[PDB]
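Moving on to subunit A:
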Amino acid sequence: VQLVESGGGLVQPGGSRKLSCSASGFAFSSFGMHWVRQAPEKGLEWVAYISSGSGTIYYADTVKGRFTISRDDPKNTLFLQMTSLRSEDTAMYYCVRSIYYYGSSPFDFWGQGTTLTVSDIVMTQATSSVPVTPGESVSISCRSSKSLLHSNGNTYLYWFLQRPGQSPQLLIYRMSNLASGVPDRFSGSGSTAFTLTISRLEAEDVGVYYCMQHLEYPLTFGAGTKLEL
Partner candidate 1 sequence: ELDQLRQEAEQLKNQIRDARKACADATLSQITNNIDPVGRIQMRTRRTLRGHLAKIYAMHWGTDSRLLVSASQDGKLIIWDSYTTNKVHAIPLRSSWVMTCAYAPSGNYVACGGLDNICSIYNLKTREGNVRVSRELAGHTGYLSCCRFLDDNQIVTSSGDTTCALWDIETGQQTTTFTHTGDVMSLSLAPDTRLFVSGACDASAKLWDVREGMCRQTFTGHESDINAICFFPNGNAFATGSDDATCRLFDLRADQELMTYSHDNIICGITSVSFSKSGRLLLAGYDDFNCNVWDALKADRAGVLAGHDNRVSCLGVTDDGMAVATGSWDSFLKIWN
Partner candidate 2 sequence: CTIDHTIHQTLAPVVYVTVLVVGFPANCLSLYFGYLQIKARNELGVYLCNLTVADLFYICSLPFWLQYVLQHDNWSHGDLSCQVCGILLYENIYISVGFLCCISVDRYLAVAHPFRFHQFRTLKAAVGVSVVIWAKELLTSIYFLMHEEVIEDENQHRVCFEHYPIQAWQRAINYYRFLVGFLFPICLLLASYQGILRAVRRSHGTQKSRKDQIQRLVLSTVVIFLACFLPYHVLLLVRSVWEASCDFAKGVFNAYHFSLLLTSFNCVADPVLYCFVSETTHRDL
């Protein structure tokens, strides 16, 4: 599974630019695609979402109208066309793979991101930095403005880890379920208030931990909890 991205750089304000994403190694047609931005020092922010079959397209309130999303399934390439660029649109953009069926793991694979520099349920992470040492157990907590437990019995909270100079990697989806390829050390639990517990910590778990809601669009992230040695 590989999600390479391209089409970013220096652009003068008020211009336009198209971002492309080449997917190779998985069935692109059956996967929904997401564009998620991250400012150079701030956290993650969802930009757009296109569904399988291109029948459900959602945009963030800050990009709606002036951004459009599209896909080419035969060419296996995602596109985000952006017009009327502003200073707020200086970020690394990430392509995110997310399938939706019973038991599926959305936001399973993230791309590599492209830098573009120009010249609503609230997720609160009250803790931004945590001093940690290897071998200990730490718990990262998030809060939600609205209850994420739906009537179907699913609490739609997602956990991501952004290691230094790397794309976010899914850890826990739906607040309890472990992703594929993450060690059993990670565990998550919660209710409006949540937590992510890491036991027997290793040196590869340092980074910024983000919590994301998926109960209703727009998908809103948290500030992020940085774990430094």
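In picking the candidates, the idea was that all candidates are chains of the complex that A comes from, given by their letters.
Odds and ends about this structure:
Definition applied: contacts are C-beta pairs under 8 Å (C-beta built on N, C-alpha and C of every residue); 3 or more make two chains touch, one makes a residue touch a chain; residues count from 1.
Candidate 1 is the one, among 1 or 2, that touches subunit A in this complex.
Residues 1, 25-27, 30-31, 99, 101-103, 180 of subunit A are the ones that touch candidate 1 when the two sit in their complex.
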